[PDB]
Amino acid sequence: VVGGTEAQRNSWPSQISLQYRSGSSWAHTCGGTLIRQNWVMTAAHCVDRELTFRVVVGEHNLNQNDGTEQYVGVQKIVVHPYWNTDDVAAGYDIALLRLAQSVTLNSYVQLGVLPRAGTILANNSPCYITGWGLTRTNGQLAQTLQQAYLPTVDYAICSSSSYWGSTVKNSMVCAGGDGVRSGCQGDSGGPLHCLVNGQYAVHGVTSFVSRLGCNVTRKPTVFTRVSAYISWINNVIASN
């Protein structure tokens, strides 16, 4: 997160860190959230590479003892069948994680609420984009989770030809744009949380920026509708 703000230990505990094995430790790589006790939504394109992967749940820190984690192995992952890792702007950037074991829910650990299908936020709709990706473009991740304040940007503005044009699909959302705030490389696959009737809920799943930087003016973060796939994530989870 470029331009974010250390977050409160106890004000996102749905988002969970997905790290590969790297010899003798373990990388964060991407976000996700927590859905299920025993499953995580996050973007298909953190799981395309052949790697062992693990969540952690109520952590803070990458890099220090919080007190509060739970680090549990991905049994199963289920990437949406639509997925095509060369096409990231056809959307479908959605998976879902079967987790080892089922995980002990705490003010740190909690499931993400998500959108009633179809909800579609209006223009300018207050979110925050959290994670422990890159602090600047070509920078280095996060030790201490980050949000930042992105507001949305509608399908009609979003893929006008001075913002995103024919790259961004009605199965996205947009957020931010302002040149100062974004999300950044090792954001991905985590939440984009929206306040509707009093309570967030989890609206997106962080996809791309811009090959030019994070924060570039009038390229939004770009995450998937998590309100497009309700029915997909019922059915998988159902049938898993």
The other form holds:
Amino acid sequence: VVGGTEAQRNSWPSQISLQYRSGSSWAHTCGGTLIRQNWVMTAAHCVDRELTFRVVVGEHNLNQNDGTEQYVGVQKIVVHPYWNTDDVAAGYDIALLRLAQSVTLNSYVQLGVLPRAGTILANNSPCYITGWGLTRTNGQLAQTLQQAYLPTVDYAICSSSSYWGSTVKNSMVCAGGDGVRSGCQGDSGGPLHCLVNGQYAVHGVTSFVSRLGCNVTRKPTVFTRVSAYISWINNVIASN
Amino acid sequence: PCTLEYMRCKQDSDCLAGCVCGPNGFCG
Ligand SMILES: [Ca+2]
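Instead of the form deposited without the partner chain shown above, give the structure for the form deposited with the partner chain bound, please.
Entire complex below, previous chain first.
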């Protein structure tokens, strides 16, 4: 997250860290949202590489023991059938991860709240992106969970030629684009929390930014619109 | 576009979409 600030620890209890086995340890690669005690929602591209993955719930500092973490391996992976690694702009950047075991829910580990099917936010809706991604282009991962206020940019504006053009689809949510705040490498798969009627819900799954950089004016961070995949998520979980 | 996953790489083709492999060995 570029232009953000350290989140209060465990203030986003559904945020998870998706990591792959790296040598004798593990390396954070993406964010994710815990949606069931044994299911995590993330971006499809986060699992394009068939590596060994694990999820860390209740995490805050990736390199320090916070006393609130739980580590669970990713057992099964279900990627949206329409996802095409060669065309992220086509959309469908979403995948569900079934965990090896169910994590224990507490104050640090909570199920993410999702929006009702089909809900689309009005322009400039209040949201926050969270994650351990880079805080600057060419930088390193953030050690502590970061958050940045990223108001939405509606489809009409976001899909305009000045912004993303047709690259952005109605199945996506845009947010930010002021050239200062944005998601960055390491934030993919993570949530875009938006406040609606007193409750923060995960309306987006971090997907991409401009090829020109993370924080680029008129190139808001783009997220998969969670509300467009409610039935898909339920079908996958129900198929157990 | 360039995806926001943090991953090691050896060449630009190892990175997704329009992302390139930085001299530090990571996509961006
Ligand atoms: Ca920790």
